[PDB]
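Undergrad: Each chain is listed here by its residues.
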Amino acid sequence: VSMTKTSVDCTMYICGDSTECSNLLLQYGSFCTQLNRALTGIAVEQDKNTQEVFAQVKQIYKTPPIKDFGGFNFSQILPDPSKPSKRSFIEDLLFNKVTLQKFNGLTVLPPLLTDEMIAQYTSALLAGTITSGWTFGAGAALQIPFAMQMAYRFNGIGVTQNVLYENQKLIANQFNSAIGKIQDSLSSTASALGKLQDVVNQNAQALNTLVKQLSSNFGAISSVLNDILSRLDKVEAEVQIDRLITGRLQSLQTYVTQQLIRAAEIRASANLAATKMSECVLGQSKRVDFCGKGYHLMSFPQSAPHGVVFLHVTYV
Amino acid sequence: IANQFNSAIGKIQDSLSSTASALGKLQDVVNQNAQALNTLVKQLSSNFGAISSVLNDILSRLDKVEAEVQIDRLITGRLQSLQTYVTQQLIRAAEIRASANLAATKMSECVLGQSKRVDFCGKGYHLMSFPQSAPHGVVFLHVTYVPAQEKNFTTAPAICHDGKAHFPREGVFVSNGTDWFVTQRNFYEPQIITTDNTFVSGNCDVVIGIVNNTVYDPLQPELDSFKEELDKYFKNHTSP
Amino acid sequence: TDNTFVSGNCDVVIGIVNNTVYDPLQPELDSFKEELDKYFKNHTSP
Amino acid sequence: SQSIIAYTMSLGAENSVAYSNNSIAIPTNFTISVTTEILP
Ligand SMILES: *[C@@H]1O[C@H](CO)[C@@H](O[C@@H]2O[C@H](CO)[C@@H](O[C@H]3O[C@H](CO)[C@@H](O)[C@H](O)[C@@H]3O)[C@H](O)[C@H]2NC(C)=O)[C@H](O)[C@H]1NC(C)=O
Ligand SMILES: *[C@@H]1O[C@H](CO)[C@@H](O[C@@H]2O[C@H](CO)[C@@H](O[C@H]3O[C@H](CO)[C@@H](O)[C@H](O)[C@@H]3O)[C@H](O)[C@H]2NC(C)=O)[C@H](O)[C@H]1NC(C)=O
Ligand SMILES: *[C@@H]1O[C@H](CO)[C@@H](O[C@@H]2O[C@H](CO)[C@@H](O[C@H]3O[C@H](CO)[C@@H](O)[C@H](O)[C@@H]3O)[C@H](O)[C@H]2NC(C)=O)[C@H](O)[C@H]1NC(C)=O
Ligand SMILES: *[C@@H]1O[C@H](CO[C@@H]2O[C@@H](C)[C@@H](O)[C@@H](O)[C@@H]2O)[C@@H](O[C@@H]2O[C@H](CO)[C@@H](O)[C@H](O)[C@H]2NC(C)=O)[C@H](O)[C@H]1NC(C)=O
Ligand SMILES: *[C@@H]1O[C@H](CO)[C@@H](O[C@@H]2O[C@H](CO)[C@@H](O)[C@H](O)[C@H]2NC(C)=O)[C@H](O)[C@H]1NC(C)=O
Ligand SMILES: *[C@@H]1O[C@H](CO)[C@@H](O[C@@H]2O[C@H](CO)[C@@H](O)[C@H](O)[C@H]2NC(C)=O)[C@H](O)[C@H]1NC(C)=O
Ligand SMILES: *[C@@H]1O[C@H](CO)[C@@H](O[C@@H]2O[C@H](CO)[C@@H](O)[C@H](O)[C@H]2NC(C)=O)[C@H](O)[C@H]1NC(C)=O
Ligand SMILES: *[C@@H]1O[C@H](CO)[C@@H](O)[C@H](O)[C@H]1NC(C)=O
Ligand SMILES: *[C@@H]1O[C@H](CO)[C@@H](O)[C@H](O)[C@H]1NC(C)=O
Ligand SMILES: *[C@@H]1O[C@H](CO)[C@@H](O)[C@H](O)[C@H]1NC(C)=O
Ligand SMILES: *[C@@H]1O[C@H](CO)[C@@H](O)[C@H](O)[C@H]1NC(C)=O
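Protein chains in written order, with my numbering: chain A, 2 to 317; chain B, 113 to 352; chain C, 1385 to 1430; chain D, 29 to 68.
Looking at chain A on its own, in the form it has when it is part of the complex:
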C-alpha cells in the first residue's frame, strides 16, 4: 500500500562541514531542489495511497458487545480490547512476520496515518462488514442478522438461500476451521509475507546503496572530503572536488529515479488494493478470480506493515 517516506538533504549528502563544497554545488544550480521536490512528490503519494486504501468509510463502526453472529466466531479477526495495541490477533502476526543513517542527511520521516489509526479503519471496515452487510459502502450502515447477510451472499452466487439455513452449523464450522488454517499458516511460514518483505527489503537496500556510494572515489584521489581540501591547493583541489560533486549527484539522481519508478509500482498496487477494498469488502464481487479463488461471498481487510491483507471468503 506504501513505501516509507523519505527526504534527503542533497547538500548534506554531497558535502558536509565544508562551505567550499556548497560553493561548488551551487555552480550546478537548481538540481538539488528538484531532487528534494521529487522525493516530496513520492512522500505525499504515500499518505494519499494509504488514505485511499483504508479511509473508504467516514464513520468508525464499533463491533457490538454481544457476539451472536449465528455461529461465525470472528474473534480471531475482530480487535481485542484487552491488549495495549488495538490490533486483532491475526494482524498481530502480520505485524511481526515482516521485519525491519541520519549521519548522511537521509531522513525517514513517519507516515501520516499511524498503525494504531490504520488498525481503527480496518476495525470499522470489518465491524461494518459483519454487522451491516454491504450497505454502509453505499449509504448508511443498516443492521441485518449475519445469517441473513450470508443468505444474501448465497443468493449472489446464484445458490438458493435455503442451502444456507439447512446447513448453517456446517457452513459456520467450515468457515471457523478455515480461519484456523489462515492463523496456523501465518504462524508456520514467512513465505506468505514475501510481497511485503520484498518492498521493505528493497526500499532499505536502496537507501543503503545510496549511502555506500559516499565512499566511492569517482576518480578523485579519496572520497574523504577533508583529505582533498587539506592535502591539495585551492585551484587543483577544486578539480578533485568537482569529481565528487558530479559522482555523488549522479548517485542521488539514481536513487531518486529508482524511487520514482518504484513508487509508480506501489501506486498501481495501492489502486488495486483500494479497488479490492471497495469491490470485495464493501460488497460482493461477481468477478471471477478477483476476490480470491472460487465464488466470492465476502472479505475481511487486515493491516500489515506498509500493506493491506485480505481474507477472501469463497464458496467452492
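Keep in mind the hints are simulated off the structure, nothing from the lab.
Here a beta-carbon is modelled for each residue, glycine too, at the ideal position from N, C-alpha and C.
A few of these clues could be false.
So, partial list: chain D residues that the calculated Cβ filter (under 7 Å) puts toward chain A [unchecked claim]:
id: 1; residue: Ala-41
id: 2; residue: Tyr-47
id: 3; residue: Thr-64
id: 4; residue: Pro-68
Here are the simulated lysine to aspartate or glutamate pairs, EDC-like style, with alpha carbons at most 16 Å apart [claimed, not checked]:
id: 5; chain 1: C; residue 1: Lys-1417; chain 2: B; residue 2: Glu-341
id: 6; chain 1: C; residue 1: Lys-1422; chain 2: B; residue 2: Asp-343
id: 7; chain 1: B; residue 1: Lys-276; chain 2: A; residue 2: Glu-167
id: 8; chain 1: A; residue 1: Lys-170; chain 2: B; residue 2: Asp-317
id: 9; chain 1: B; residue 1: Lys-123; chain 2: D; residue 2: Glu-42
id: 10; chain 1: C; residue 1: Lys-1417; chain 2: B; residue 2: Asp-336
id: 11; chain 1: A; residue 1: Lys-59; chain 2: D; residue 2: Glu-42
Position chains B, C and D with the ligands against the provided structure of chain A, taking the given hints into account.
TA: Positioned in the frame of chain A, the structure of chains B, C and D with the ligands alone reads:
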C-alpha cells in the same frame, strides 16, 4: 425522483460556481508541466563549472582549442538537465496513462453501461453517469440511488405454516412487531406473505430462528367463491 | 408449471427429451371434483 | 482571535451499529445523489 435529480444537478453547478479548488487534480498536471519546463529553462543559467553560462559569451572570450574545455562542460550539464526532464516526463506519462485507462474504463462501465461494482461509479448504488470535457481531463457526473430514511423491523430467515419451511423468492420477511410481511431487499414496500411471493423447502426442525405465521394462497378465495356458488345451486335444486 | 415455463413445439429444440410435467392446479381441481361429485351423489337422495 | 491549532486527527464520526440476531433496518425513502468525479 426528477425534482431531487434536478436539485442535485443544481447543487453540482452551484458548487463549482461557488468554490475555488475542486479541480485541483487537473490543475496539478498543468502546474507540473509548467513548473518542470520552467526548471529546464532555469538550468540554462547554471555554470556547471564553466567561467560563464552564456554559450556565446564563451565563444566571444576564448579560442577554438581552449573554449572547447568550457563548452564540454555546458554540454555535460545541459544534457544532464534534458535527461532529468525526459525521465521525469516519461514517469508522468506512465501516471497519466494509468489515469486515462481508468477514465476509459469509467466511460465504458459507467457511461456506456450500468455497473454493479461498489463505488466504481461514485459512492452509492450506480444508476448512470454523464461525461463532461475539462481541459486535459474528463469529469464524470455520477447519478446514484442512496438510501435515506431507515426504520427498524424484526425479521426471521424463514416462516412455518404447516411444518414446512418458507423463504422469500425475492426480498425478506419483516414485521412491525404485530404482523408479518415480505418486502424487497432495498426499499420498504411490504406485502402479504403469499405462496406466490415465497417458495418452500424442508421442515421447521432445521432452520435456526424460524417463526410461525399463516402463508396465504390466492387460489383460496377463488375456490371458496366456487363453493358458495355451488352450495347455493345445491340448496336451490332441493326445491322442484 | 411453476419451476418451468413453456414456448414452441418439440420439433425445433435439438436434443429435447420426453417426460410428464406436473401441474399443481390439477389435483386440487380433482380433489374438488370428487367432493363436488359426492355433493351430487348425496343430493340424489332427496 | 484566530490561531493555529494542532490535534490528533479524528478518523471519522464514531458510531455503533444496532445489531441483534433478529433486527433489520430496511430503508423506506431515498435521495438521488449526483456526485462529481475528476480524472486527468
Ligand atoms: C403493522 O402493520 C399492519 C398493516 O398495516 C397493521 O394492521 C392493519 O391495521 C389496520 C388499521 O390501521 C386494519 O384496518 C382494518 O381493521 C378491520 C379488519 O377487519 C376493519 O374493522 C377496519 O375497517 C379496517 O378494514 C388492517 O386490517 C390491519 N392489517 C392487517 C394485516 O391485519 C398494524 O396495526 C401495524 N402495527 C403497528 C405496530 O404499526
Ligand atoms: C410454532 O407453531 C407450532 C404449532 O403450534 C409449535 O409446535 C408445537 O410445539 C409444542 C411444544 O414443543 C409441541 O407440544 C406437544 O409435544 C409433545 C408431542 O410432540 C406432547 O407430549 C406434548 O404434550 C405437547 O402436546 C407440539 O407437538 C408442536 N406441534 C407442531 C405441529 O409442531 C411451535 O412450538 C411454535 N413455536 C413458536 C415459537 O411459536
Ligand atoms: C417423444 O414423445 C412423442 C409424443 O408421443 C413421440 O412422438 C411420436 O412418435 C411416433 C413415431 O415417430 C409418431 O408416430 C407416427 O409416425 C408416422 C406419421 O408421422 C406414421 O408412420 C406412424 O404410423 C405414426 O402415425 C407419432 O405421430 C409422434 N407423435 C406426434 C405428436 O407426432 C416421440 O416419438 C417420443 N420420443 C422419444 C425418444 O420418446
Ligand atoms: C432501531 O432500534 C434501535 C434499538 O432498539 C430499539 O430500542 C428501544 C429504544 C425501542 O425503540 C425498541 O422498540 C427498539 O427495538 C435503535 O438504536 C438506539 O438508537 C438511540 C438513538 O435513537 C441510541 O441512543 C441507542 O444507544 C440505540 N440503542 C441500541 C441498543 O443500539 C435504532 O436507532 C433504531 N433505528 C431506527 C432507524 O429506527
Ligand atoms: C472463538 O474461538 C476461539 C478459538 O479459536 C475461542 O478462544 C478459546 O476459548 C477457550 C475457552 O475460553 C480458551 O481455553 C482458549 O485458550 C481460547 N483460545 C484463544 C486463541 O483465545 C473463543 O472462546 C471462541 N468464542 C466463541 C464466542 O465461541
Ligand atoms: C459435506 O462435507 C462436510 C465436510 O467438508 C461433511 O461434514 C463432515 O461429516 C463427517 C460425517 O459424515 C464428520 O466426520 C465430519 O466431522 C464433518 N465435518 C464438518 C466440518 O462438519 C458433511 O457430512 C457433508 N455433507 C453432505 C450432505 O455430504
Ligand atoms: C422522501 O424524502 C423526500 C425529500 O428528500 C420527501 O419530499 C419532501 O416532502 C415534504 C412533505 O412531506 C415537503 O415539505 C418537501 O418539500 C418535499 N421535498 C421534495 C424534494 O419534494 C418525501 O416526502 C419523502 N417520502 C416519503 C415516503 O417519506
Ligand atoms: C437471539 O439472542 C437472544 C439473546 O440476546 C437469545 O435468547 C435467543 O435465543 C437468540 N435467538 C436466535 C434464533 O439466535
Ligand atoms: C334457482 O336457480 C335458478 C338458476 O339456476 C334461478 O333461475 C332460480 O330463480 C333460483 N331459485 C331459487 C328459489 O333459488
Ligand atoms: C449424442 O451423441 C450420440 C453419439 O455418441 C448420438 O447418437 C446422439 O444423436 C447425440 N445426441 C444429440 C442430442 O446430439
Ligand atoms: C348430505 O346432504 C345433506 C343436505 O341435504 C347434508 O346435511 C349432509 O351433511 C350431507 N352428507 C354428506 C356425507 O355429504
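Undergrad: Need the list of violated hint numbers for this structure, in ascending order.
TA: 3, 4, 9
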